[PDB]
Amino acid sequence: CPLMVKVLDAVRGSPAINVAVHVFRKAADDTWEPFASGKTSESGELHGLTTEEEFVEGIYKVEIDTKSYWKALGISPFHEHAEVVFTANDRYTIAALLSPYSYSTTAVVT
Amino acid sequence: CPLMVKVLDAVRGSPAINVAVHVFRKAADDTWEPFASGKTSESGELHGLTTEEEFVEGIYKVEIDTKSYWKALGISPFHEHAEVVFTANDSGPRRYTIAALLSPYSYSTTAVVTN
Ligand SMILES: O=C(O)c1ccc2nc(-c3c(Cl)cccc3Cl)oc2c1
Ligand SMILES: O=C(O)c1ccc2nc(-c3c(Cl)cccc3Cl)oc2c1
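Chains B and A are the protein sequences, given in the same order.
According to the entry's author numbering, the residues represented by the first sequence are 10 to 99, 104 to 123, in order.
Using the entry's author numbering, you'd call the opening residue of the second sequence number 10 and step up by one each time.
Calculated from the structure, these hints are not laboratory results.
Among the clues, some could well be false.
[To be verified] Label pairs and their computed distance ranges (CB to CB):
#1 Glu-66(A) x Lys-48(B): 23 to 33 angstroms
#2 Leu-82(B) x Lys-48(A): 32 to 42 angstroms
#3 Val-122(B) x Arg-104(A): 36 to 46 angstroms
#4 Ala-29(B) x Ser-100(A): 24 to 34 angstroms
#5 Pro-11(B) x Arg-103(A): 16 to 26 angstroms
#6 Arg-104(A) x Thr-123(B): 20 to 30 angstroms
#7 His-56(A) x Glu-51(B): 17 to 27 angstroms
#8 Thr-106(B) x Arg-103(A): 30 to 40 angstroms
#9 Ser-112(A) x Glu-62(B): 40 to 50 angstroms
#10 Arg-21(B) x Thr-123(A): 23 to 33 angstroms
[To be verified] Below, computed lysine to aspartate or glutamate pairings styled on EDC-like, alpha-carbon distance capped at 16 angstroms:
#11 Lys-35(B) x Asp-18(A)
#12 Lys-70(B) x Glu-42(B)
#13 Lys-70(B) x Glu-51(B)
#14 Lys-70(B) x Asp-18(A)
#15 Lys-35(A) x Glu-66(B)
#16 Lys-80(B) x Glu-42(B)
#17 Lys-15(B) x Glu-72(B)
#18 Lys-70(A) x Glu-62(B)
#19 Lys-15(B) x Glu-54(B)
#20 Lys-70(A) x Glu-72(B)
#21 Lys-76(B) x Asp-38(B)
#22 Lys-48(A) x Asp-74(A)
#23 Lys-70(B) x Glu-66(A)
#24 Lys-35(A) x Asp-74(A)
#25 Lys-15(B) x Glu-51(B)
#26 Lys-80(A) x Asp-39(A)
#27 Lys-35(B) x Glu-66(B)
#28 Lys-70(A) x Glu-51(A)
We put the CB at the ideal spot given by N, CA and C, even for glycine.
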């Protein structure tokens, strides 16, 4: 698994479960083309997004639907979503920690 | 100002100076239209982006050019940039501070919304 996403909830101290995550790759035309997507699991993780073969060098965007997550909890959040944009240059874990008016993200590249 | 941006550097323990920031607003046809831009000052702050009049309801994207910042400092960071996307002024005018704290492989952002 060359790409994994983990999402945590900083308010409740728990995995952020059932959060939609969409991954895009930049095409030769400056636009974002769909690449991979899923919903985080009970442990706040999303695996099986891609294969080593498909995950070539490029610029990728990981979009995390944080607004839906908070709304489902009865909480009006600030951000429309959380976006993480990076170049993959030949394992990537994109981690995100969420609060209604804040988020933090880190990359663990091993 | 109704929109302010503050950027700190978690590596040096300092304001992040001369960070380019571009703000876009979502148009009716769903394109990101340029709205404003600037660079952070020696205190890591960017003021004067817009006016109460021009900062109407909408979905805004504040893009902080973190890669250009780390690259101007001679190192190669992880992210291309840090984006902050939010609906603004949908229950009347508010004042927004978008704060960001930067490291080469990580960033954090928070919003302070008043009045
Ligand atoms: O339990 C896990 O599997 C887990 C793995 C990685 C991780 N990173 C992290 C984090 C972020 Cl993303 C931003 C700011 C501060 C912290 Cl501590 O929390 C967290 C939890
Ligand atoms: O000195 C200032 O003017 C200053 C103002 C606001 C602010 N927020 C912040 C922050 C972020 Cl943005 C993310 C995670 C943790 C923290 Cl403490 O640092 C910081 C510094």
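Against the structure, the hints come out as follows:
1. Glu-66(A) x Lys-48(B): 23 to 33 angstroms: 31 angstroms Cβ-Cβ, so the 23 to 33 angstroms window holds.
2. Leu-82(B) x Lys-48(A): 32 to 42 angstroms: 37 angstroms, holds
3. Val-122(B) x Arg-104(A): 36 to 46 angstroms: 38 angstroms, holds
4. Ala-29(B) x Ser-100(A): 24 to 34 angstroms: 26 angstroms, holds
5. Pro-11(B) x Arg-103(A): 16 to 26 angstroms: 41 angstroms, violated
6. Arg-104(A) x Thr-123(B): 20 to 30 angstroms: Since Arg-104(A) and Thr-123(B) have Cβ atoms about 42 angstroms apart, the given range 20 to 30 angstroms is violated.
7. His-56(A) x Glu-51(B): 17 to 27 angstroms: With Cβ atoms ~45 angstroms apart, the hint is violated.
8. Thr-106(B) x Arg-103(A): 30 to 40 angstroms: Distance hint for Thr-106(B), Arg-103(A) holds at roughly 35 angstroms.
9. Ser-112(A) x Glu-62(B): 40 to 50 angstroms: 31 angstroms, violated
10. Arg-21(B) x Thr-123(A): 23 to 33 angstroms: Cβ of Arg-21(B) to Cβ of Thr-123(A): about 26 angstroms, so the range 23 to 33 angstroms holds.
11. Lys-35(B) x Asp-18(A): 28 angstroms, violated
12. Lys-70(B) x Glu-42(B): At roughly 10 angstroms apart (the allowed maximum being 16 angstroms), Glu-42(B) and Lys-70(B) satisfy the hint.
13. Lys-70(B) x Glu-51(B): 23 angstroms, violated
14. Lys-70(B) x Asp-18(A): 23 angstroms, violated
15. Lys-35(A) x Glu-66(B): 30 angstroms, violated
16. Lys-80(B) x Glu-42(B): 27 angstroms, violated
17. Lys-15(B) x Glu-72(B): OK: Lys-15(B) and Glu-72(B) at ~12 angstroms, within 16 angstroms.
18. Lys-70(A) x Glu-62(B): Answer violated: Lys-70(A) to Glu-62(B) is near 33 angstroms, above 16 angstroms.
19. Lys-15(B) x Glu-54(B): 4 angstroms, holds
20. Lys-70(A) x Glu-72(B): Distance of about 14 angstroms is within 16 angstroms: holds.
21. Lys-76(B) x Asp-38(B): Since the Cα atoms of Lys-76(B) and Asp-38(B) sit roughly 29 angstroms apart, the hinted pair is violated (cutoff 16 angstroms).
22. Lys-48(A) x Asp-74(A): 10 angstroms, holds
23. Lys-70(B) x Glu-66(A): 26 angstroms, violated
24. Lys-35(A) x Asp-74(A): At roughly 19 angstroms apart (the allowed maximum being 16 angstroms), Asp-74(A) and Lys-35(A) break the hint.
25. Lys-15(B) x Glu-51(B): With Cα atoms ~11 angstroms apart, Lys-15(B) and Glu-51(B) stay inside 16 angstroms; holds.
26. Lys-80(A) x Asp-39(A): Violated, because 31 angstroms separates the two Cα atoms, which is more than 16 angstroms.
27. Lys-35(B) x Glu-66(B): 10 angstroms, holds
28. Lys-70(A) x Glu-51(A): Between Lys-70(A) and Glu-51(A) the Cα gap is close to 23 angstroms, so the pair fails against 16 angstroms, i.e. violated.
In terms of the numbered hints stated before, the structure departs from hints 5, 6, 7, 9, 11, 13, 14, 15, 16, 18, 21, 23, 24, 26, 28, listed from lowest to highest.
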